[PDB]
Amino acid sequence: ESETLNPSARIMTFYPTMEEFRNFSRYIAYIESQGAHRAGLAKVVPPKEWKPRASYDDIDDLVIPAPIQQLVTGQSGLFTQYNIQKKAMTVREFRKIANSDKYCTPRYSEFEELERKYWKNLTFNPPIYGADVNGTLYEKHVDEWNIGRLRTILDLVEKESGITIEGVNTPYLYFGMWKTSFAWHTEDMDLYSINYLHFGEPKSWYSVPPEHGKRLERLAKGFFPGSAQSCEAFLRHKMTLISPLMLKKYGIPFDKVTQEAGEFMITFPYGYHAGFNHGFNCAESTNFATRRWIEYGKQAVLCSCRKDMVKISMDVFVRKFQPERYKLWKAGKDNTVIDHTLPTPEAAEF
């Protein structure tokens, strides 16, 4: 029944009306009822009515505390990205560096051309990424799809323990320029993410279906054996870049999509994704959960080498939503197997 919908696990695009846009968890349950999650990634275009902020002229003086210079080493479609932290700078400062002739977007015809240039010049002229900036660009009273307060069950983490994990249950802002990259990864604890591109040049995405995620890992282990030996989940370091031709070459299924200013992307539990920014832009993101995520959370394979320290205690979730399995789970005898094609239970309404 669920296998029926989006059997090609292709990236789907949604155009919710305002009535649908109002309830966040509801619409997530909906797009999953349509099989959107099978691609690991979905685009959601909000109603033209809606805007999260009246004007982005207010922000040239906002500080980016920890700009990141992205050095990329590799060849033949395989790369490792090293971060070099630069001194703080303002949005105005960043935009100036971004739009400069040294760092700006090259001229091109079709998207495929910008993409080939990206994979050709990835290792040259290392760009700067205004990344992991704590903050939101939502106006205080915007009640729809507010990344600052989506009100999903991920809230049980702060609610129960007071713990906040930056960018995960709090928002992050990402200022990009041409050729700035995000490496292949799933979210921490294999959560969902929501990504809103406030303004600027597009952000292009690659994605691998969760049902084929393990195959991408096998490949990654094979190409980076030293990293594989030192960490059980080295892709969580977010340093590993792998071109579409390489995936194609080794039969890893994947899809592409380009995100325009004013568009949302949703990534789904155990959805590997990666991509790059086209030029100067600004994106806001955080993680979130649904009931379906819980099993992913329980089974998430985490970074063992301490480079990624994000760890959420699953105990509250299993107690509250899997009471019949708590004893079993707590005693390590819970061998539930995950079906990546099933939608979250909240979609029973649909």
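Residue numbers count along the first chain shown, from 1. Take the two forms, find the largest set of C-alpha atoms that superpose within 1.5 Å, and that set is the rigid core. Only residues modelled in both forms are compared. Compared with the form deposited with its partner chain bound:
- For residues common to both forms, superposing the rigid core between these two forms reveals a single consecutive run of 3 or more with all Cα shifts of 2 angstroms or more, at 6-8.
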Given for the second form:
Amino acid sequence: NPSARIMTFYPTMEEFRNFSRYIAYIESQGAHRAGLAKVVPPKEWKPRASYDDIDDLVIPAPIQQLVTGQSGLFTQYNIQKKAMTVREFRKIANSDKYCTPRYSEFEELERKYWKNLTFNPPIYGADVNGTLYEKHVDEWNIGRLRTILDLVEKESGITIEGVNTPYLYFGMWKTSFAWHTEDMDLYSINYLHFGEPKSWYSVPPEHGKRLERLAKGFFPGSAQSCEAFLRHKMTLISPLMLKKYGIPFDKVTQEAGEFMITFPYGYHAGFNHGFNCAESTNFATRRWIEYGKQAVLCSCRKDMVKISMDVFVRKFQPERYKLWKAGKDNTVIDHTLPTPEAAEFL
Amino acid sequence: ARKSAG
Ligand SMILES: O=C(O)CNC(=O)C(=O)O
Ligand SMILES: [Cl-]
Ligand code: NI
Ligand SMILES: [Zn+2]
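I would like to compare: after the form solved without its partner chain, may I see the structure of the form deposited with its partner chain bound?
In what comes next, the whole complex appears, and the chain from above leads the way.
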């Protein structure tokens, strides 16, 4: 069903200027149903003249990704490593023991990833606070997207690293991100600044519950210990297992200079093809508010991201606020519906 | 607190 297949968009410069407006557009086009969409920026647009002046950028907390599992079901353990520079990381990534294997087509690289992901644990330069944009880039600036999510900082005064601020991810071959939705089931934006590609898997929001049931079947202890253990970002499930259990999904490869958008309650996972650098943050639309209200959060850990929905319900749903505070707001989410801002185009 | 790879 292409209504739930990953869509790719090619905006003009005029269309590219207004970020939240374009997100509304792609939802008018049905892009949210896949849970993931690609946006190719116009060729004029550039975010950094050169990436050669960043070799002294420090990666404070590299993680080594140990993976244990079999038959398409794996668990990923992260090992913090001593801080290192982009320069040192690049050298280890482009190194012979951690560089991309030879391959002809993406299908072969994907096969090698799922065949060898438990061997030769890679190093992932993840969750680096910072941005590679220039102060003058006003379009699709991950540091200042200017969506309603900013109410958390502007009105509540709260700052959540990586959620309403940018994060950088330095990948090498075989580094991966496990199946998850975003914190508070928000949107996310991801730009591949440079380097080798990043491959993505996505499950349509309308089928996310199915994935959850599958995962809960395979890790009953983890499910018992936590209400939303997938938020631990440790669970890897291969496409062959998804296909075997009838979970709908799609795949897409993100190339340097390309944006990926993830949508609320869109489960995604993937892996990096080689040495690369990506910048990412979360964002919101009016549609997200109900998702935020209904998100099932991690119960077993302490420093977890929990956003008070009060400010959003007060401002955008005043007529439901009292009801919501009483615990009697029984709104059922329809994952096919576009955000209200898209009415312009429909 | 913050977003993390876990
Ligand atoms: O960049 C990564 O490693 C993983 N990214 C995401 O899960 C995202 O942007 O939603
Ligand atoms: Cl278990
Ligand atoms: Ni994500
Ligand atoms: Zn938990």
